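**Q** Using the sequences provided together with the hints, build the complete structure.
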Amino acid sequence: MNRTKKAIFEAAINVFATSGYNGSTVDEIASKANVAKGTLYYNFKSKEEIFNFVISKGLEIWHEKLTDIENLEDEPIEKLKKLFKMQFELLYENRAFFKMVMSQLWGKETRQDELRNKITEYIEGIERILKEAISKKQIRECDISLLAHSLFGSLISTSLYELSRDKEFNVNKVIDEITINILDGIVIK
Amino acid sequence: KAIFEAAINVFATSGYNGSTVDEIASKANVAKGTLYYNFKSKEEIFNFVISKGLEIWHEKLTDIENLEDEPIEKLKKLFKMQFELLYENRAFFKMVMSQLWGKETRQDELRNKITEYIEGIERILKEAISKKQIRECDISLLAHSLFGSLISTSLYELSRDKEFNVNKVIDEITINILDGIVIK
Numbered sequence: 001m002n003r004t005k006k007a008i009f010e011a012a013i014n015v016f017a018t019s020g021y022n023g024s025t026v027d028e029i030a031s032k033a034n035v036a037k038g039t040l041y042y043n044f045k046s047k048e049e050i051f052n053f054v055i056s057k058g059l060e061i062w063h064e065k066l067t068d069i070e071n072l073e074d075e076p077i078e079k080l081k082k083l084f085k086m087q088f089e090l091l092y093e094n095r096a097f098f099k100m101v102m103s104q105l106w107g108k109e110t111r112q113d114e115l116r117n118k119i120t121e122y123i124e125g126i127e128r129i130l131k132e133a134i135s136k137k138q139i140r141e142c143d144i145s146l147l148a149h150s151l152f153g154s155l156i157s158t159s160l161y162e163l164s165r166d167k168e169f170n171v172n173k174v175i176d177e178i179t180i181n182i183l184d185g186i187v188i189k
Numbered sequence: 006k007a008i009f010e011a012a013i014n015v016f017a018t019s020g021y022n023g024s025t026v027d028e029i030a031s032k033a034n035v036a037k038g039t040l041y042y043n044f045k046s047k048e049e050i051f052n053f054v055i056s057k058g059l060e061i062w063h064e065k066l067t068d069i070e071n072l073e074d075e076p077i078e079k080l081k082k083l084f085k086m087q088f089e090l091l092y093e094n095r096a097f098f099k100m101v102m103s104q105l106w107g108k109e110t111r112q113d114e115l116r117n118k119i120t121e122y123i124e125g126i127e128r129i130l131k132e133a134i135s136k137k138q139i140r141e142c143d144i145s146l147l148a149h150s151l152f153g154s155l156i157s158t159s160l161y162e163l164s165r166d167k168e169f170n171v172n173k174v175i176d177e178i179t180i181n182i183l184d185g186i187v188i189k
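Heads up: the protein sequence lines correspond to chains A and B, in order.
Counting with PDB author numbering, you get residues 1 to 189 for the letters of the first sequence.
Counting with PDB author numbering, you get residues 6 to 189 for the letters of the second sequence.
Simulated from the structure, these hints should not be mistaken for lab results.
Note that CB positions come from ideal geometry on N, CA and C, so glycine has one too.
Hints may be right or wrong, so weigh each one.
[Said to hold, decoys possible] Which residues of chain A face chain B? A partial, calculated answer using Cβ under 8 angstroms: (1) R116; (2) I119; (3) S154; (4) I156.
**A** Below is the structure:
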């Protein structure tokens, strides 16, 4: 990304995360990016084009880091432990971006169908690790797609927990707790 | 009442930003003057919609809290109750999700309302921990994860364009949460 696209990218994340999609404007993104509006429009025709570019660029590191985990020779159960650590670290390093995503996952605009298709592509990588884990009898036989969405969904509920105003968020403690909760369950054993 | 059902659809479809009082009155088939005898602003309508819609969640959660059941059995009934209510209130749930993440003051207040519900889950988990029926753990983090089971399922249904059988979901999620997924 050159300076113009990087500046728009970083500013757009914060505008979208602060105001939501409908409340964000090209006008505000140009101002926050310190990019002349004519140069912005030379690169992006509309707010929707900026949004989709940000989603596509921002999810690149998610696919990259998940693909790296998939490529390891580690046992699948060890890949799942590394998945939880990777996702929460990535979430913590990119909180504005993830809120932007979360704010747009629930409606019926074509933009949001497309966003969900991009998230589904990511979740399919989780499904692939689970399938291998089940075949190696390291994870219980279960509805894989349902489980994979639950593993992604841990990011969503934790993002809400991170917004708590009465405590301070500790990413390493959350990784450790969620890993045990997911793998071992909560029942006394 | 007409405003409540219409405003869910409007806030879901047109957003909070992007919707108007007039559009809500129209979708409700409510004369604008009659709207203003009930509500002063679009903000008042939103705050009313959230509070009203969450009442049934609080009522059913309180019912479970009031049971004589062991807390671990309360938790099983909580999962069942939550997925049932999710199924009956699908539009409302997704509308809430769409509004939960921004920095406007109505959204601070929305999150406070959700947090209050999640605090009710924390009370059941606290009883389960005292009775040594579940592990000692970060109770607030776990309670958010238990609410998160609905978030994940709702996203799953949207992403696959499905309305999954509620009993099969309850059965799978309950085992996943209580017993975990690892075989070791």
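**Q** Holds or violated: is the Cβ of A:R116 closer than 8 angstroms to a Cβ in chain B?
**A** This interface hint holds because 5 angstroms falls under the 8 angstroms limit.
**Q** Would you settle whether the hint for A:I156 is holds or violated, based on the nearest Cβ-Cβ distance to chain B being less than 8 angstroms?
**A** 5 angstroms, holds
**Q** Using the nearest Cβ pair, does A:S154 come within less than 8 angstroms of chain B?
**A** 6 angstroms, holds
**Q** May I ask you to test the interface hint for A:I119 with respect to chain B, counting a Cβ-Cβ separation under 8 angstroms as satisfied?
**A** A:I119 check passes; min Cβ-Cβ to chain B is 7 angstroms, inside 8 angstroms.
Going through the hint list in order, the structure satisfies each hint without exception.
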